[PDB]
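Based on the provided sequences and hints, a complete structural model is requested.
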Amino acid sequence: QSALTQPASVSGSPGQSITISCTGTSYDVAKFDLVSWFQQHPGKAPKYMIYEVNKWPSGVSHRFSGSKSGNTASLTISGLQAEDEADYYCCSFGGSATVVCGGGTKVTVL
Amino acid sequence: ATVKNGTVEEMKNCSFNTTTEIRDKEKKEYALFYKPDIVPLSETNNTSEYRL
Amino acid sequence: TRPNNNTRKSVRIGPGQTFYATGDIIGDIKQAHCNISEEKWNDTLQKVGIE
Amino acid sequence: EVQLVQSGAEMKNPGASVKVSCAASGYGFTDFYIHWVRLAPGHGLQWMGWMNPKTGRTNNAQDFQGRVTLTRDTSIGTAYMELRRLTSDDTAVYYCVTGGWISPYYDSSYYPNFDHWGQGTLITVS
Ligand SMILES: *[C@@H]1O[C@H](CO)[C@@H](O[C@@H]2O[C@H](CO)[C@@H](O[C@@H]3O[C@H](CO[C@H]4O[C@H](CO[C@H]5O[C@H](CO)[C@@H](O)[C@H](O)[C@@H]5O[C@H]5O[C@H](CO)[C@@H](O)[C@H](O)[C@@H]5O)[C@@H](O)[C@H](O)[C@@H]4O)[C@@H](O)[C@H](O[C@H]4O[C@H](CO)[C@@H](O)[C@H](O)[C@@H]4O[C@H]4O[C@H](CO)[C@@H](O)[C@H](O)[C@@H]4O[C@H]4O[C@H](CO)[C@@H](O)[C@H](O)[C@@H]4O)[C@@H]3O)[C@H](O)[C@H]2NC(C)=O)[C@H](O)[C@H]1NC(C)=O
Ligand SMILES: *[C@@H]1O[C@H](CO)[C@@H](O[C@@H]2O[C@H](CO)[C@@H](O[C@@H]3O[C@H](CO)[C@@H](O)[C@H](O[C@H]4O[C@H](CO)[C@@H](O)[C@H](O)[C@@H]4O)[C@@H]3O)[C@H](O)[C@H]2NC(C)=O)[C@H](O)[C@H]1NC(C)=O
Ligand SMILES: *[C@@H]1O[C@H](CO)[C@@H](O[C@@H]2O[C@H](CO)[C@@H](O[C@@H]3O[C@H](CO)[C@@H](O)[C@H](O)[C@@H]3O)[C@H](O)[C@H]2NC(C)=O)[C@H](O)[C@H]1NC(C)=O
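Chains as they are written, first to last, in this note's numbering: chain A, 1 to 110; chain B, 111 to 162; chain C, 163 to 213; chain D, 214 to 339.
Be careful, since some hints might not be right.
[What the hints assert, rightly or not] Derived BS3-like pairs (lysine-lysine); straight-line CA-CA distance at most 27 Å:
#1 B/135 / C/171
#2 D/267 / B/145
#3 C/171 / B/122
#4 A/31 / C/171
#5 B/137 / C/209
#6 B/122 / D/232
[Unchecked claim] Beta-carbon label-pair distances, calculated as ranges:
#7 B/116 / C/188: 29 to 37 Å
#8 A/17 / D/280: 42 to 50 Å
#9 B/145 / A/69: 17 to 25 Å
#10 B/113 / C/188: 43 to 51 Å
#11 C/169 / B/145: 12 to 20 Å
#12 B/158 / C/169: 50 to 58 Å
#13 C/195 / D/224: 42 to 50 Å
#14 D/218 / A/17: 54 to 62 Å
For the record, the hints were derived by calculation from the structure and aren't laboratory data.
Where is the CB? At the ideal position from N, CA and C, for every residue including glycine.
Written as structure tokens, this is what we have:
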């Protein structure tokens, strides 16, 4: 199990509901509500979209949102745009004072 | 082990020969101890030999 | 609070009894401490000064 | 604003070791954790280890237990990661990050608040 589990790729037209979920063990997302999501376009940074499960840092549009349910944390989606066509990675708290990342994603807005 | 600048609150990592359950046999084992419970052993100068 | 994520280490010492000790410290090393609200302490010491 | 401008890309062949340096500006260096993450060419993303730039204490992914050792020079404002025992699987676009603020009273090291990043280097183990 390479790091956290994630879908390989997800998609959906504007107006459609989406969730790009990320799942870990009891030594993982369950405990501390420590999960975050990234926005990587090609040849750029993994732009910083969500952290502390639900919060969005400054510079983020408040369409983006997140959530936790026990062993998984779901990226919550609204109002798709051509900018949302992007990777959606996942990194969280891993035990023994580490983090553990996710397999990634590619969105294709339809 | 040592750290400089700022501040450091470290404790010592001290090894000691232990008598295992076989009285003939001994093995090297270690434990971490806070400084107040650890005192240098020899009245002569030695930077590594300590006592409880 | 003691923030350090200490570990339990056990050592057999003589026939059938175990000595315990700390193993590696997990995570980053930090300082133990205790907190008090400032204005409540000022109020306590002022009311004690009144007496 | 804030940047953690890394070095340029440099590569050796499998079995050797390589280097990447991670600068910082303008914010102070000794005040936030420095994190190293790896994004392999046909994979998701990985984590190398966290650097405490003040005391030098570090922890690293158990995959890289002996293969990686992190260091820093606070006066310059730069941090170093050196990966040994290389393979082609150790190709990636390597990134360097400021993690969370450092308090003396609690452990914020493992918080994945990968706020600001380095500008990236293409280390194909060639
Ligand atoms: C017992 O009692 C003790 C205390 O008595 C108690 O300990 C306290 O616990 C608190 C709870 O955790 C803790 O609070 C945190 O404090 C963090 C630090 O905030 C202070 O410091 C910064 C310093 O800023 C630097 O750098 C900036 C540039 O970035 C610069 O502008 C500044 O001038 C300064 O510069 C440095 O470099 C200069 C170079 O020249 C130099 O000149 C300067 O001198 C300096 O060296 C200030 O900016 C702050 O305003 C504060 O003064 C604080 O960051 C932290 O909040 C973050 O984390 C929280 C969770 O821990 C989140 O909930 C929160 O949202 C924050 O998250 C943001 O920040 C993190 C970094 O940690 C980042 O990774 C995130 O992505 C996120 O980013 C978003 O917000 C930031 C703004 O922060 C935006 O900029 C971004 O764009 C994003 O939008 C906590 O608030 C407190 O510090 C601690 N007390 C002490 C003394 O340590 C203890 O817990 C008690 N015991 C018990 C048991 O309870
Ligand atoms: C504080 O210290 C404690 C230890 O005193 C520490 O908790 C430990 O965390 C490790 C993880 O780093 C736990 O190890 C697990 O062991 C089980 C075997 O029972 C494995 O199944 C686990 O691995 C699975 O999950 C991984 C993802 O996390 C997968 O990648 C992997 O493929 C496996 O499927 C894992 O190795 C260990 O059990 C705990 N021990 C205790 C006593 O809690 C804790 O993390 C430290 N930090 C904090 C903030 O508490
Ligand atoms: C406290 O001190 C003891 C020793 O005095 C430390 O234990 C030693 O840790 C090292 C590093 O892990 C061990 O050596 C390594 O072993 C592996 C084998 O997998 C090898 O591949 C490495 O090259 C290296 O040699 C060593 O065996 C171990 N010693 C004992 C007796 O267990 C301990 O880590 C110290 N702890 C702290 C917190 O300082």
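| field | Pair hint residue 171 of chain C and residue 122 of chain B, alpha-carbon separation not exceeding 27 Å | value | The hint holds at about 15 Å.
| Between residue 158 of chain B and residue 169 of chain C, does the C-beta distance stay in 50 to 58 Å? | Between residue 158 of chain B and residue 169 of chain C, where Cβ atoms are some 24 Å apart, the hint is violated.
| Can the suggested window of 12 to 20 Å be confirmed for the beta-carbon pair residue 169 of chain C and residue 145 of chain B? | 19 Å Cβ-Cβ, so the 12 to 20 Å window holds.
| Pairwise beta carbon distance, residue 17 of chain A to residue 280 of chain D, judged against the given window 42 to 50 Å | 43 Å, holds
| field | Distance restraint evaluation - residue 195 of chain C, residue 224 of chain D, Cβ atoms, bounds 42 to 50 Å | value | 47 Å, holds
| Do residue 218 of chain D and residue 17 of chain A keep their Cβ atoms within the hinted range of 54 to 62 Å? | 40 Å, violated
| Given the hinted pair residue 137 of chain B and residue 209 of chain C, is their alpha-carbon gap at most 27 Å? | Roughly 61 Å separates the two Cα atoms, so the pair is violated.
| request: Would you check the hint for residue 267 of chain D and residue 145 of chain B, treating anything up to 27 Å between C-alpha atoms as holding? | output: With Cα atoms ~23 Å apart, residue 267 of chain D and residue 145 of chain B stay inside 27 Å; holds.
| task | Could you check the hint for me, namely that residue 116 of chain B and residue 188 of chain C are 29 to 37 Å apart, CB to CB? | result | Check failed, 21 Å falls outside 29 to 37 Å.
| message | Just to be careful, I want the Cα atoms of residue 31 of chain A and residue 171 of chain C compared with a cutoff of 27 Å; is the pair within it? | response | Measuring from Cα to Cα gives roughly 24 Å; hence the hint holds.
| Has the given pair, residue 135 of chain B with residue 171 of chain C, been kept, meaning a C-alpha gap of at most 27 Å? | 21 Å, holds
| In this structure, is the beta-carbon distance linking residue 145 of chain B and residue 69 of chain A contained in 17 to 25 Å? | 46 Å, violated
When each numbered hint is compared with the structure, violations occur for hints 5, 6, 7, 9, 10, 12 and 14.
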